[PDB]
Amino acid sequence: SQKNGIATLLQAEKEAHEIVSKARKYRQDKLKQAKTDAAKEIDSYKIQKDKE
Amino acid sequence: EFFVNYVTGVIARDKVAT
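Protein chains in written order, with our numbering: chain A, 2 to 53; chain B, 15 to 32.
Please note that the accuracy of each hint is not assured.
[To be verified] Derived DEER-like restraints, expressed as beta-carbon distance ranges:
no.	chain 1	residue 1	chain 2	residue 2	range
1	A	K31	B	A26	55 to 61 angstroms
2	B	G23	A	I7	18 to 24 angstroms
3	A	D30	B	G23	43 to 49 angstroms
[What the hints assert, rightly or not] Which chain B residues stay away from chain A? Per the calculated CB distances, all over 12 angstroms, these:
no.	residue
4	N19
5	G23
6	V24
7	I25
8	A26
9	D28
10	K29
11	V30
12	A31
I should point out that these hints are in silico values taken from the structure, not numbers from a laboratory.
Where is the CB? At the ideal position from N, CA and C, for every residue including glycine.
Given the sequences, and given the hints that come with them, work out the whole structure.
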């Protein structure tokens, strides 16, 4: 049908923005874990070398 | 009627086939 004239375009751009979000959020959660695992490490190291 | 991301225009019938 004619309304299918947008079926292959609106969904195509939605998939484009989906892969966008995949790039900008699968990397963002890496910013979440990277900024967190590297932040809980310093105090643990401090206590590790402060028992001695 | 469908089927930046697309091109629109209008031409004379003399060259529609070519």
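Outcome of the hint check:
1. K31(A) to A26(B): 55 to 61 angstroms: Between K31(A) and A26(B), where Cβ atoms are some 56 angstroms apart, the hint holds.
2. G23(B) to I7(A): 18 to 24 angstroms: Roughly 20 angstroms apart at Cβ, these two residues keep to the hinted range, so it holds.
3. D30(A) to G23(B): 43 to 49 angstroms: holds, 45 angstroms
4. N19: Per Cβ check, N19(B) is inside 12 angstroms of chain A; nearest 7 angstroms; violated.
5. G23: Its Cβ never comes within 12 angstroms of chain A, the nearest being 17 angstroms, so this holds.
6. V24: holds, 19 angstroms
7. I25: holds, 21 angstroms
8. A26: holds, 25 angstroms
9. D28: Per Cβ check, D28(B) is outside 12 angstroms of chain A; nearest 28 angstroms; holds.
10. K29: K29(B) is indeed farther than 12 angstroms from all Cβ atoms of chain A, at 25 angstroms.
11. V30: Given a closest Cβ separation of 21 angstroms, the condition holds.
12. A31: holds, 24 angstroms
Against the hints set out earlier in the document, a violation occurs for number 4 only.
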